[PDB]
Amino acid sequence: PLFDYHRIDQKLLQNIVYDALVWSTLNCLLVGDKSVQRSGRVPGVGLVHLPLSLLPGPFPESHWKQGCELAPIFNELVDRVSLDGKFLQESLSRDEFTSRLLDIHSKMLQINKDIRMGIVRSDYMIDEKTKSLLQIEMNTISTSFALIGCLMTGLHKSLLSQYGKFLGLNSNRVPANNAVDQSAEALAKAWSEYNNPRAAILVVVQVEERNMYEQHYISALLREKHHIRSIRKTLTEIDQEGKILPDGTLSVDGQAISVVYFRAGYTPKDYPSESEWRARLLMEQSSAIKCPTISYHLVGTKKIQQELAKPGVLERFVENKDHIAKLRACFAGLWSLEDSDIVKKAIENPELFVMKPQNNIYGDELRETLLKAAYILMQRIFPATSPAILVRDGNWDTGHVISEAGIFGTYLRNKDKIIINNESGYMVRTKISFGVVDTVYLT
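Let me see this chain alone, in the form whose entry title says "open conformation".
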């Protein structure tokens, strides 16, 4: 144990936790309590610290470097796949939700309708077999925790400033984070690119938003730092409110909308009725720059990401061989009816493989294979468990947790000028065995 944090004497942790709880209040590491009924609609009431790991867990410096250089590679890959409507339409037209999303994509295709931007997130985990950094998810739409992840960097750096050498650790190895500034800056640059100085930013939000303070903070940054107004509306409000003018400008609550920032619309529970599908359509048709576009949203679906990971598919959207190499190194293997992996690599050694739907099947039952629900074959990831202190509604407890590190990218282009393509900070979600937020403690 190098810091198996469970060892730390229970007297010194009453104090660290105490300080951790102070800092979170002072710095708005706060969310609506689930237990309080209005805390997702009324700000300023029913507030509570984000559930949190007290001290950061370890992540090799090299694999953190690796994730950092992937960030702009994934950005350009997401833009490239999104430009292929036939790949997208072929792949996915095989789920009422997805099929509704594809409609909207078709409609645009049908109508030949660029300033393109993204604020996206690639989630990784370290795998104990290969010792590799592996991509777990690419989030192309409405990525949370740009603020949270970067208050956490601050929290843990504070804690370590106070308690470090008393524990063997230096804040230095909690990496610097700018996720939320990069985010608001990507937005401000897009608004600039549209070059309507009268335009506001639309931020599409959920009816119930306990995490509303992350959003207000980005809006505060936009307003005070970038001098740009933003307005927050639910999809059903955009259906009642929103109009397109005869020249294709979006007008929501009496103002031009140059940028549409989604922090909603990624779940089917966001579209209770036809009003919300109208609104998504209305907005997509408009000349507003969408953060992100419907094509981007589709790239991010489970189905597209699986298809990307199959042998030879990825390499269709990437010409750079160094990048090709980098991508494939973080991609967990995934396959269909290949006799070679999928009869027999997996039959002998059912150890990795898991079969998943396009129940999971593992281990001895994965001799499903000996007989040819779970439609594709992929490589098993074995995660790093580590001892943690978990602070929740003011109370701590110990557990052994796994961590998922997500790297933000921002991207902005106007037909062939790349204005932004960036690694833009991180967050970490740490969970038992929906968990807590965290950081990493490099190598």
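We call the rigid core the largest set of C-alpha positions that still match within 1.5 Å between the two forms. Positions refer to the first chain, counted from 1. What changes on going to the form whose entry title says "closed conformation":
Among the residues 262, 317, 217, 335, the single one whose Cα moves by at least 2 Å between the two forms, once the core is superposed, is 335. In the core-superposed comparison between the two forms, the C-alpha atom of residue 39 has shifted by less than 2 angstroms. If you fit the rigid core between the two forms, you'll see the Cα of residue 49 move by less than 2 angstroms. A movement of the C-alpha atom of residue 367 reaching 2 angstroms or beyond is seen between the two forms when the two forms are aligned on their rigid core.
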Second form
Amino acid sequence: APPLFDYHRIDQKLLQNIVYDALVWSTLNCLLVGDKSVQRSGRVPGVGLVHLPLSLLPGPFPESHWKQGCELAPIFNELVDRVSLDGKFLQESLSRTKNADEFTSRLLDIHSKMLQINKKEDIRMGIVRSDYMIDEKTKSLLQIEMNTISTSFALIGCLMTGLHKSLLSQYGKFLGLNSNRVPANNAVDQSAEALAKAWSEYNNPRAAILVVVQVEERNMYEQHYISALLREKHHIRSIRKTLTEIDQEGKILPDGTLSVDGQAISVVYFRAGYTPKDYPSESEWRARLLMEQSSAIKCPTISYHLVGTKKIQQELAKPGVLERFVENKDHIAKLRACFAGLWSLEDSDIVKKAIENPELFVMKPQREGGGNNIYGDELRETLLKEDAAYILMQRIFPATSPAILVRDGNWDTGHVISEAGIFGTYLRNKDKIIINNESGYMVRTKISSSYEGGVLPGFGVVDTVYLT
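Structure of the form whose entry title says "closed conformation" (previous: the form whose entry title says "open conformation"):
What comes next is one chain alone, with no partners or other molecules.
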């Protein structure tokens, strides 16, 4: 239980060596993104590159809680898939959301359409991430959110694991630390392997994988690495297109097959379409609908996408609704165990409790990708003064840890909290479940008191964990 070496007390010249070695590792192993300060770095590969904002050395996370997260991965895969099949559940839970939130209404309209066409679909898959904080008071592993769409950092997470293991190999003796207590990580390989197996189930060897990307994508290297895996290891072609280009170059062939710029597609992997910002026009919504109407295997489908909304995570947490969707009683227990307080803005008991104690609460709109949440002051002010746009959640307060934060080649000391993202990969075919796996991790670390922790936004860093 003796805590870990305090990372603010390392000799300055020892520390300068660790930092330099991290920067070098990062560069050799493409722990890199486009730098936000170099105008074309989110368009033109090869230019204006910078290492990922990172945490030099892992913070502690207990092995018991790591095991709880691991175990929950195939459980949440299953849950997501079971809730996605209840189209009525989704449409009803989101019924008032629909009127407060025009983005969610748009998502809903594509889903209603799919409902009203009722195709026999039986292959259909997930690449998801369940993200957790350990609340200090309670000492419990709690889910922050479920990410069912364009989950990031499978390669970043696995390259962080490489980095921490290489720094601990070299420097571990001086610190009380062993590389083998940073969990093994296969996330990027697992991600490509799910895409390959899905492509294999559709079973047309001349089809390709369509990757749907954003117009600016500083984190493009991670998507290029997955396509390089598909190509080199799995021998499967990828093509990358924005939703605009899919509207422009896309059609459904008479046999129901998606073709884009003349290339048949059997799998559509989304690295985009999770924000209203990806839908400047009707052009992008048409592309989205066009692909949903295809026999291409979507990752994810519109129903999966809806499952990942914060409004559904809230509904699921209501008394006996988990039990509509799971019958394994040991799983309901495990699930129930990682749920934090979650409430609709119609539970006005808890709205009172929140206006009164805004530091104790998070307020989340139906969005993905950070920015968006509301805390403390701005939360009371918003709550006083469209309620179906929000949920309310119990504020979680992990135990802080000393960190060295490396950001643009410079390091500082801070006191942080981390958030462990446990990837799940899932594939089935009929009744036949082909992949239902915990598939590695990522962890996001931020200054303990910062509201936002988005890495690419400048608020957070990537990390690993050191098992305790």
